Amino acid sequence: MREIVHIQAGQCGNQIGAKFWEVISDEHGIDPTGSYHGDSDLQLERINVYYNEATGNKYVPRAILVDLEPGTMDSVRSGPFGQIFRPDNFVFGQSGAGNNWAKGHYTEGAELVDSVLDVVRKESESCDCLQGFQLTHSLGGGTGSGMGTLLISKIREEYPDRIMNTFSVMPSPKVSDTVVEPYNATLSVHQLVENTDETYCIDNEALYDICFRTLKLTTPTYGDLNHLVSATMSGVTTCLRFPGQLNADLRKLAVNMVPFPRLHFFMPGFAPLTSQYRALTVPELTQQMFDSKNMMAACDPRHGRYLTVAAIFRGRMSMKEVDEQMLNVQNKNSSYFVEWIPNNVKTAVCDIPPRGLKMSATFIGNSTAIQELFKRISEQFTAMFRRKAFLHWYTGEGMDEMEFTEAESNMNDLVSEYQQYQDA
Amino acid sequence: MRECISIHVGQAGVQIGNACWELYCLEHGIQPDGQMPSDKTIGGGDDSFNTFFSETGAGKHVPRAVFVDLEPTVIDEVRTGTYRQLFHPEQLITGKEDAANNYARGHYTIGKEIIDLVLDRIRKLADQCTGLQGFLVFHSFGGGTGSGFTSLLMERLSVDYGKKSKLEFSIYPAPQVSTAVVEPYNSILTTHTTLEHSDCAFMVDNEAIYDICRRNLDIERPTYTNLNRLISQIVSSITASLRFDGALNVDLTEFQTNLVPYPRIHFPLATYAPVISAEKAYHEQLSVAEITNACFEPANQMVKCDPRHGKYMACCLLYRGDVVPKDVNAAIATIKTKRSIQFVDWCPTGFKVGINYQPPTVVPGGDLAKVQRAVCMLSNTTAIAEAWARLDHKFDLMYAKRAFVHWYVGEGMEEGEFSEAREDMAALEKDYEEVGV
Amino acid sequence: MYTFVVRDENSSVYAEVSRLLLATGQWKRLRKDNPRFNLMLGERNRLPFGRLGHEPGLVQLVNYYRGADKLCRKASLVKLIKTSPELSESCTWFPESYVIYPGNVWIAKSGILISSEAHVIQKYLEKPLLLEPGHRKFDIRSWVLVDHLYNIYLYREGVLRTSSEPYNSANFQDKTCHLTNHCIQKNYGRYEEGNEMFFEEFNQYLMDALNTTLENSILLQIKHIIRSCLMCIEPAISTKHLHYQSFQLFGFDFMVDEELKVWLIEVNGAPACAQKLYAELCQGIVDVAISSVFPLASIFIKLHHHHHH
Amino acid sequence: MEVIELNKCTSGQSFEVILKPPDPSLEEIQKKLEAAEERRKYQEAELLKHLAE
Ligand SMILES: Nc1nc2c(ncn2[C@@H]2O[C@H](COP(=O)(O)OP(=O)(O)OP(=O)(O)O)[C@@H](O)[C@H]2O)c(=O)[nH]1
Ligand SMILES: Nc1ncnc2c1ncn2[C@@H]1O[C@H](COP(=O)(O)OP(=O)(O)CP(=O)(O)O)[C@@H](O)[C@H]1O
Ligand SMILES: Nc1nc2c(ncn2[C@@H]2O[C@H](COP(=O)(O)OP(=O)(O)O)[C@@H](O)[C@H]2O)c(=O)[nH]1
Ligand SMILES: COc1cc([C@H]2C(C#N)=C(N)Oc3c2ccc(N)c3N)cc(Br)c1OC
Ligand SMILES: [Ca+2]
Ligand SMILES: [Mg+2]
Ligand SMILES: [Mg+2]
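Chains as they are written, first to last, in our numbering: chain U, 1 to 424; chain B, 1001 to 1437; chain V, 2001 to 2309; chain W, 3001 to 3053.
Please keep in mind that the hints were generated in silico from the structure rather than gathered at the bench. Ideal placement from N, C-alpha and C gives every residue a C-beta, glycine not left out. Take the hints with a grain of salt, since some may be wrong.
[Unchecked claim] Facing chain W, according to a computed beta carbon distance under 7 Å, are these residues of chain B, among others:
(1) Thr1080
(2) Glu1113
(3) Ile1355
(4) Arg1402
(5) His1406
[To be verified] With a cut-off of at most 20 Å between alpha-carbon atoms, the simulated PhoX-like pairs for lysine-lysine come out as follows:
(6) V:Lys2109 to V:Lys2074
(7) W:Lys3020 to B:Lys1311
(8) V:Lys2028 to V:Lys2082
(9) U:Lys332 to V:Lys2032
(10) B:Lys1326 to W:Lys3020
(11) U:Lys154 to W:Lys3008
(12) B:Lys1401 to B:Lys1311
(13) V:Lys2028 to U:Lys332
(14) B:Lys1370 to B:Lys1280
(15) B:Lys1338 to W:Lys3008
(16) B:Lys1336 to W:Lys3020
(17) W:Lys3049 to B:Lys1326
[To be verified] Okay, the calculated bits of chain V under chain U, using three or more residues with CB under 8 Å as the criterion:
(18) 2026-2035
(19) 2054-2067
Okay, chain U solo, but in the shape it has when bound:
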């Protein structure tokens, strides 16, 4: 259980996907040409998880780069770390998906999916022990959403026994490309409830609010939102990437976090929220990573209960002080955990801090309060679908209304299922 295959699909997928490779490459001491120049040996002990070793002692991300249009992928090559990616692993169409799920999933996307799978297969073949896949994408457009979910379906057919992990950016009217975002996101969630083991809900509403309210940025850009996303992605992959004493993998993440197969949508958290000089104290990190204002999914965790929780502290600190602070919230806020999963909070500590910060915490919560995110997309869906508004973009690609009713129903079902366990 060692190699992870990373897929990044569409504009958002390839943008947050690009940042992640810039951030971890710098943590593992890999340079914009793929040459090691670090100091610590810790930086190479589990490098194999995210990198292939090539000729000349080069490190090549196990990264596949997908888009139906050539634009954003020429931007990745242009961009600061663009030379590190295996060139045979860029796969792109010409016509784009135009924010149309049906085009991603069923027409334009169908034509391209087979040639992405071939690159996936190629990466899977020269893997000593594949743990599975992590995909970066938005649910709000056509390619990341529609073609990303088509790929997930096809990877599961060919690899039923490997783990499927997503970083899934939810759309917000506060960062809106188009009115059809709730449509593309509802169709995409149905796919994600059936065919992923773990999904990190990166809510664009949350990223915006954190940038406006709790960071005093009046006009947040995708650059600002993505800074928070790449910090979270660095955080939640720390234990996959570095030794040790946890030695985590994607299956053990799944077994420990998901008590019911459908309830695998994680509320990620980060502390301290940046865009410092004073390092935070362990109690500050602890209070902040459990605070609403620090979650990357716009949900009130006081409206729900935590089923499971994983926390990763980075820097130099007493594990004793981490333990004490992690038991202090559990023993003084027991109402907001379920009594019927004993010892449901797990803490881990890594000595290597992220770039800039001296100590940081990353939160991963399977909270029933995630329902508020799905209900919000449901309501934006119903407000259009009840007048069949903007459907013709989807019927014109061969979709029926039926398939919209089905995706509406499966998302209201997911919301009830979260409700069930909030009152139990």
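Position chains B, V and W with the ligands relative to chain U; hints supplied.
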């Protein structure tokens, strides 16, 4: 003499294995390369220590050990570590994919595809034995491999060695040093499936050991290394009688006779004293009276429970160091008056005593100070049922909601195996209460 | 903020201890099955002591001593007094009691048979002490609080549970003059309110009719019997060096005979506090047994006597 | 309190002190290991059938 085979399953099994074999080698004067200078019979022997070590012509002393882990990272540290020359690679068995803290995946899925191979390496060891006694099996309750693969081996050992004794050293799960949320599930399942296959089981609560390391060794945050060096001392006390000259607990059969009259109720409580910090500048050495008394303090038990609220079926006192019987009896007299040591009506209120004049060996640069005398008590007390109740209650809070069950069913295991395993454990709790009140 | 749970409904005393605890602003009550408490206020039967003291980062207290049942059942009290060297078979302050399983007047109990003909048979006190005017029987009830360090605290307020009918020699079957409970007696309240005389008035009656005080005539013997009983079982039930901690409120029941000798009748493991007194006692429980272990932001006489021999 | 069965040697001594007197077959295992692989293969069939739809 009669040979014993030690099987270490999972990370806990294997790391505890390493500590035990480190200590045995120091106790017997065997070096990391496996040469035993004090041993005058070269290429063989029917000495007591030969029950645990085989011998080669070139004069190497080789543990009668099998190490099994479904993943390689932990047994790889044995292969590349201080005691690499000691073991034969055929004894160190690793898969690739671990059980991901899943009983079902350790038993049914990844189990079925490695059992036949382990049994074969076990059989090669049995074939170098003149008169095999049976097996010492080290494992966690909590790991998918420790739980699931262990219970599969114990079924196949029962079939392939019906005559032979099977003893367990089991690590009972503790939230303070815990891997997975599903340890309760894995713990019940492996108990149910191992119950009828095990003759005597020595449970160590990781909570009890962790606290003994906090309280008595002044370690803020104890590590598996600290825990394992202490556990290996208790394990050595218990197995001393198999590896040295004496007349108490001399073969595996006698462990059952002396400690388990009622065969399902076969979990003896280990109590150990004294545990003294090596950092500790000034230490007044404890007497026989003081260390015997320490055996009835719950804070020194391998499992936290109250022996005052339950009945004894057996009590063995295993002394190491400067101890003579008159001091032992004087101590037992004093303590009878001052304490609540109720036995069952159909058992003699009696202590079986073993003394070995060699004090405990400590690992150099270890945490445990050298002492003039130490003792390990083995009481079969119904009070240990407290550990079953605690574990069973945790199982019930999660199973009531079928939480994580789908992870086990997804490997071919049925829901019913859970209720079945839990009913067996409900029966064991009742067995303990009839006998205990 | 500390945390507690309730698992005893009928408990009037821990109803009030719960109420006082909430109304403090530093104590949240949780649901009955929530494992992360500081204090448990536990059920009368089958209390799961095995589960206590295993929760990391939590010091756990419970309001019962495990094995204190042996002092509280009639069947085991008798057996405890007959088989303990510290309370001998020839113990001066326990009425001769016997166990056979399903002046020579006796009484049987666990429907109460008093005859010479006909559970535990007990020597019945043919000549007890009678309050004038009345020629009528009573029983004294003292509330004792054993904390986590096994300090023994007597509450300075007890109470008499009086009859209201002339006690009778030849008439045994009749149950309102012989037996001086509270439930069987509800001439109800003719002489004193609710059949409940208190320590001030009983100290006065004694001074006027018997010239002695309550301290001298009765309370010295009470303090000896409470001390004898709880120091007997201290080795069995003490939670010193244990992974959880116990306290418990006990109610001791006593009789006074004509020559002013104090006998022990029963020890009550889940006792009911008298209506007027609840306020003071329940605040005491909290001050001494609970705030001692869980500090925030004397109504008790402490029992100890080390005579050197 | 009577000290019985005392045995001495040069490494130590042992004695008893008394205060007061008073498995299924290979067939059945390979059977149920296979019944669970048949439940495991069915579940994976049902999954492929559903992905074909
Ligand atoms: N005392 C002690 N307990 C250990 C040790 N290693 C693991 N444990 C405990 O064992 C349980 C976890 O099981 P492991 O032995 O790590 O798992 P495994 O058998 O390797 O199984 P998988 O990795 O799940 O395939 C937890 O209760 C841990 O606290 C160790 O070296 N010493
Ligand atoms: N040996 C004896 N001599 C005289 N009176 C006795 C007696 N034994 C019992 N009694 C009387 O009967 C009553 C006994 O009540 P008992 O203690 O048997 O049960 P109970 O349920 O009332 C316990 P509690 O009163 O503490 O709630 C007392 O009021 C007492 O006067
Ligand atoms: N956080 C974040 N969101 C993005 C980014 N780019 C686009 N989005 C969002 O993603 C959705 C549009 O999807 P996009 O990835 O551009 O569509 P596709 O390229 O056709 O898959 C909308 O909800 C946008 O607000 C980005 O770089 N970061
Ligand atoms: C603390 O960070 C992570 C935890 C886990 C996952 C896991 C692994 N590997 C272990 N063994 O147990 C848990 C785990 C998660 C939650 C809980 N409650 C538990 N017990 C996986 C990863 Br990846 C972690 O880092 C992100
Ligand atoms: Ca030899
Ligand atoms: Mg766009
Ligand atoms: Mg393991």
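- Task: Report holds or violated for the interface hint on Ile1355 (chain B), using the least CB-CB distance to chain W and a cut-off of 7 Å.
- Result: This hint holds: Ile1355 (chain B) lies near chain W, its Cβ roughly 4 Å from the closest one there, short of 7 Å.
- Verify the interface restraint on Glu1113 (chain B): the C-beta must sit less than 7 Å from at least one C-beta of chain W. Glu1113 (chain B) check fails; min Cβ-Cβ to chain W is 10 Å, beyond 7 Å.
- Message: Tell me if the straight-line CA distance from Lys2028 (chain V) to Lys2082 (chain V) falls inside 20 Å.
- Response: The given pair, whose Cα atoms are some 45 Å apart, is violated under the 20 Å limit.
- Given hint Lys1280 (chain B) paired with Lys1370 (chain B) - CA-CA distance at most 20 Å: Cα-Cα ~11 Å, so holds.
- Task: Please verify that hint: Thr1080 (chain B), Cβ, nearest Cβ of chain W, below 7 Å or not.
- Result: Because about 34 Å separates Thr1080 (chain B) from the closest Cβ in chain W, which is outside the 7 Å limit, the hint is violated.
- Item | Hint validity - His1406 (chain B) Cβ closer than 7 Å to any chain W Cβ | Violated, because the Cβ-Cβ distance from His1406 (chain B) to chain W comes to roughly 11 Å (cut-off 7 Å).
- Given hint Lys332 (chain U) paired with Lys2028 (chain V) - CA-CA distance at most 20 Å: Satisfied, since the Cα-Cα distance of roughly 9 Å is no more than 20 Å.
- Message: Tell me if the straight-line CA distance from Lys1401 (chain B) to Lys1311 (chain B) falls inside 20 Å.
- Response: Roughly 35 Å separates the two Cα atoms, so the pair is violated.
- Item | Proposed proximity, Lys3020 (chain W) with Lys1336 (chain B) (alpha carbon, max 20 Å) | This hinted pair holds, its Cα atoms lying about 11 Å apart.
- Count residues of the segment 2054-2067 of chain V with a Cβ under 8 Å from any Cβ of chain U, then say if the count reaches three. holds (count 3)
- Query: For the segment 2026-2035 of chain V, does the count of residues with a C-beta closer than 8 Å to a C-beta of chain U reach 3?
  - Reply: Our answer is that it holds, as 5 residues pass the Cβ test (under 8 Å) against chain U, meeting three.
- Is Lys3049 (chain W) within 20 Å of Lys1326 (chain B), Cα to Cα? 77 Å, violated
When held up to the earlier numbered hints, the structure conflicts with 1, 2, 4, 5, 8, 11, 12, 15 and 17 and fits the remainder.
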